[PDB]
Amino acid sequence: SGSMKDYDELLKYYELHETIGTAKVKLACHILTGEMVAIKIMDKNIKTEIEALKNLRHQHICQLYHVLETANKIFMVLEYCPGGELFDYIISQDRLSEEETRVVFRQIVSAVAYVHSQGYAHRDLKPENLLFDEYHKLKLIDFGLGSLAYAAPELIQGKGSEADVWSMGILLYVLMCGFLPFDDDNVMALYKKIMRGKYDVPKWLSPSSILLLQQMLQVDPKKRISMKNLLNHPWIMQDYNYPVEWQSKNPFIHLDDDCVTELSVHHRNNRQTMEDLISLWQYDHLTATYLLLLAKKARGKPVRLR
């Protein structure tokens, strides 16, 4: 409602800053560690879609620190990405070079690789759900599930890991062309173009780009390249010479000694109790404190609390 009494349980742990997004989205501060976060504040009147994010932990998937649920609201503390929408960056520069695109597109593959490993399909890969962090590294976000220009042909018919490969195809195209491969003023026509499968091939595109694009943008799902072959594809490996490392560097089971020690001093508990406690991953204040500590370390900053 209009009520400000919900923000009470929140402001225990967090100190608010400006609004964005108006779900309303506020930039906040985690009091104990001082790290910036981003709170998705939702007014009841998708529960499971949260449980999804609880199991996903990966350096290009937007991290979930804390869930606060009252009878009047639900708050979602998430990694704050300063760099903004990938969409805005593409328009910002008209179009990306192959070398740059490759840097970005490798991060997108790593994430989508990973999500699939956990048996989830993102089903909404558009450059509006890829945001830059301060490192200018990419972070995937919306697991709510148009958007139509990114829909695989099979989804338009009715009838998938493979549909994600189609959208990554549309991504690669836009990244390197700066406009969509299938686009129109008239929706029914846009349906049509997509289903046909024919797109322009701008002069500035290398044949490697054209090859990969062709293998990803297959109108038939089975003829579409597979996640396996994509990871080490010759285009993907071009300046790197190692395949995409999609493996999570942020585990549920490997806890951090440096981080647990500091937390032990604050809660006045021993290393065993604390570790057992953190390992429950309740996504309460403890989960947010440990995770935000890891990040606080990942900046090479002091592993201290307030």
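Positions refer to the first chain, counted from 1. What we label the rigid core is the largest C-alpha set whose atoms superpose within 1.5 Å from one form to the other. What changes on going to the form deposited in another entry:
Rigid core superposed between the two forms, residues 244, 61, 64, 274 considered: the one with a C-alpha shift of 2 Å or more is 274. After superposition on the rigid core, the Cα of residue 284 moves by less than 2 Å between the two forms. Comparing the forms between the two forms on their rigid core, the Cα displacement of residue 212 stays under 2 Å.
Once the rigid core is overlaid between the two forms, residue 73 counts among the residues whose Cα shifts by 2 Å or more.
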Given for the second form:
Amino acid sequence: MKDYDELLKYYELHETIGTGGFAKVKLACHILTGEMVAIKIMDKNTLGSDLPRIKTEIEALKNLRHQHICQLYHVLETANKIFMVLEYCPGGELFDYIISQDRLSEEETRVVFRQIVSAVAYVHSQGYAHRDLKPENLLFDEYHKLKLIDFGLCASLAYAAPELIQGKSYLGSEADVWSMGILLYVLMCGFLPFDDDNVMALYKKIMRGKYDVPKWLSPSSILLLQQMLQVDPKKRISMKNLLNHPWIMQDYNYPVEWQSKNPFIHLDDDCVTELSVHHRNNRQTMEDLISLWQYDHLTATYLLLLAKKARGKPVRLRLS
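Since the structure above is the form deposited in one PDB entry, I would like to see how the form deposited in another entry looks, so please show that one next.
A single chain, with no partners or molecules, comes next.
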């Protein structure tokens, strides 16, 4: 549409991996690094009146730099489109993992869950909420590490908090705690705590808040579930009693580190060098350009090289 002209100077588009109202998600290759990314393509005409909301959410996502959050690399706006280029997570969904394993042990649940708590605590600390936590929104990277996707812009009632489903106003943070409790139950049980074959019956079950507790759950498991799965949001554990929770600490003996192990700005010298070489710049000039953080092609190349580095791979741009 000529909306793809600019994009295709930087990316080679592969297969669609997701569709929806307002948005399509495509696999793609960033040409300069050869790295795979995911590109969320949004039509401005479809958004119409909601376009300002999306721009706001885009800005929120620029400040969500965290090891367990799928990272934004590039925002390209054309006359009709907004493209958001995001970190590719090759390990597939937590959902797929749970099924393949049938249910996870308490021990392995804990490995996975601490990562979720880390991401979600970080989101909440920035004054945001996810509002749609579920195993489909948690992807593994190359190293079986979890990355949270899909904040807003887009979009399962099984994971929704009682106050959300009753359409009342709800605090995102509190609804997230509920959803995380459902997630906890599913990880350790391999099935939903609340299920039914029609919405009204499911809604009733969720609002009643009663579920079975299988025989294999530890007392401590059962107790953390009871603290999270409280129909009354006010009675739900806070995210901060959760980082410190005895169940969370068993076998680690230290709380979830939720703060981003991410440099405020502190640029990576190897990434800057590679860009300086490529652009024929002196180091200071290159650092000054990167430091504008425009989420243009430079931001994207920089962030991709930095992810190449963080994953022990070579910090190199393909150039022939």
